[PDB]
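Heads up, one of the protein chains got dropped from this complex, but the rest are sitting where they should.
Chain naming follows the written order as A and B, and within any one chain the residues start at number 1.
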Amino acid sequence: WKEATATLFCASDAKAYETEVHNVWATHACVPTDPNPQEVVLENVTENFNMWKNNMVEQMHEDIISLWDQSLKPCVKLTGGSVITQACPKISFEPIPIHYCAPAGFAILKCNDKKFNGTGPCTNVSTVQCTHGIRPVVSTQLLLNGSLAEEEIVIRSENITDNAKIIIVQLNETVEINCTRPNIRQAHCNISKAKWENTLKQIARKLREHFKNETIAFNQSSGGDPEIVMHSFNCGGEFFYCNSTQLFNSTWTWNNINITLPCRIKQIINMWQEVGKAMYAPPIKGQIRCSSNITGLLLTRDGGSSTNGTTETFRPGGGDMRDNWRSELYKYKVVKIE
Amino acid sequence: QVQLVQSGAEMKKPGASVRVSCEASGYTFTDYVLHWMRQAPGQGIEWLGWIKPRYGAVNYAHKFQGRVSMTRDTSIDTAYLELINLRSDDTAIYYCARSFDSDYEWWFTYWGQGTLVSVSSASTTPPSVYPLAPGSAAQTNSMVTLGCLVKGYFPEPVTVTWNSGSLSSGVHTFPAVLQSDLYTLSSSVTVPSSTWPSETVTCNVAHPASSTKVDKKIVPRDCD
Partner (left out) sequence: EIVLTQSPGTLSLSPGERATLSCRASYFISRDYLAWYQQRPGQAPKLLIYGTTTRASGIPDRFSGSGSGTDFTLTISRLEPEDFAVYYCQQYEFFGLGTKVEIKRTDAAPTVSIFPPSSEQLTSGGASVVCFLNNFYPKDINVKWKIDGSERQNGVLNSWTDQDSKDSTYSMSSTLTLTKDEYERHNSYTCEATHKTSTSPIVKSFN
């Protein structure tokens, strides 16, 4: 019973006849998926898991860095006294599922408790050879094309009373978000206003389960780099930055129409992988369209002593994409075999 | 060696804005949360918020929303705090600080040297210096207490010595007091009655901020 560092390998069903860059990377760097994957239930162990100290995330992070570093073609790169210009053709970009697999002598433990809060003992444990397929969606504020909670919404935090620790919300029902750059940089995303608010009611109640009978407010981002103040994501190689203010402007107490978010495709970005900026070429022409599933949220709670109203306010944060991967790797740990 | 070096003291008028800097060294700047705190005269320590310098995420105390802006320059590993709508009760010593530990980021081993921020409608104003000698009819004891009143100056500090420091017995220097957006303090000295007025006793006041250096000889006074 121990978290030991093995070098994982990846597996995928990448298609050689696809131009999408994830396929090329996983084709060269991964092997095909097990056609008949075997899962083994264990002796009713209470093994401790700690999604916040899970070495898989660093390894997965490196993979996406490698993928991004050999697939994406920024026109200019600014990194510590260096600025590198290269050809920057448009790519075909649509994430594919990647499985992480333990090498010989190791295994992956899987937590199957439906209400696992992210840290602590798991009572329904199983062993697997590889993870489920995880789409490596790089985004902020909203997690797209991820995994759903199977029964109820789950709130996960390394320590929820420490306001400096990020909070990961995992939904149990997808909310579809439709973003289009209509057939050059003005674009928009639609989300059901009613479905988002009905979702907010349950999120607020779940958050309220620790902060008992307090009024819960969702409010817009307080500041930071463009990467974290807007909902950012990659759709077809273009970097969308959507004003999410209209999503996080409501209050919920012990008690259809679309929201269209104004977005812009930016050529100049601050890099998530490393401190620096990158410049990409202007958007393609033609209709740009991506439909994603909102599956979770990243929230930060304002700290400090209480002024008047019982109100706790949460604003989206994020930026360190290790937490994006964590939102998917929380149920796994790598172990050496007896 | 982690070190945080802040900019020097500032004087500002009410309604203005102030910028305080915090220079980091000895570590990977983006790896640790940076917090901002302040300590008002005679009050407790107040946390304003923190910034995570990697992406500039911030968290502002309830009472300072709309008043504070926190930013950083990662190319020179320096963080900056901007405060707007200054008012009288923003007068305080400001500190940036970080924890030595990355799991719990509130074990404050490393602190800046502090920045004094004085907020007043007044500009730099020299003190009036008045001698305190006993009253004509003051009773004479074996010892005599003399004083110097240093009223209405800005900013701090002042220094006081007695007979230009050759007497380093019997000196008391008192904390400054607020009275009209300016500071006031006083100093007492106790000497034997047999040695004054027969020999000289002088308070030496120095107010570097106004290039002031004053000597005041204490002689008994006859009311005019």
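Throughout what follows, a contact is a pair of C-beta atoms (placed from the backbone, for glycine too) under 8 Å apart; a residue touches a chain by one contact, two chains touch by 3 or more.
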Selected residue (touches chain absent from view) among A:82, A:305 or A:308: A:305
Would you mind spotting which of B:58, B:81 or B:185 touches the chain that isn't drawn? B:185
Among B:27, B:80 or B:174, which one is in touch with the chain left out? B:174
In the full complex, which bits of chain A touch the chain not displayed? Write them out. 161-164, 303-306
May I ask you to list the residues on chain B that touch the chain which is not drawn? 44-45, 47, 61, 95, 97, 100-101, 104, 106-109, 111-114, 128, 130-135, 137-138, 143, 145, 147, 149, 151, 172-177, 179, 184-186, 188, 190, 221, 223-224
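Note that only the chains that are shown with their structure count from here on.
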Please tell me the distance, in whole Å, between the geometric centres of chain A and chain B computed from their C-alpha atoms. 48
Okay, in this complex, where on chain A does chain B touch? 162-164, 222-225, 227-228, 270, 275, 300, 302-307, 317, 319-320
For a test of understanding, state which residues of chain B touch chain A in their complex under the given definition. 30, 33, 47, 49-50, 54-63, 65, 69-70, 74, 104-106
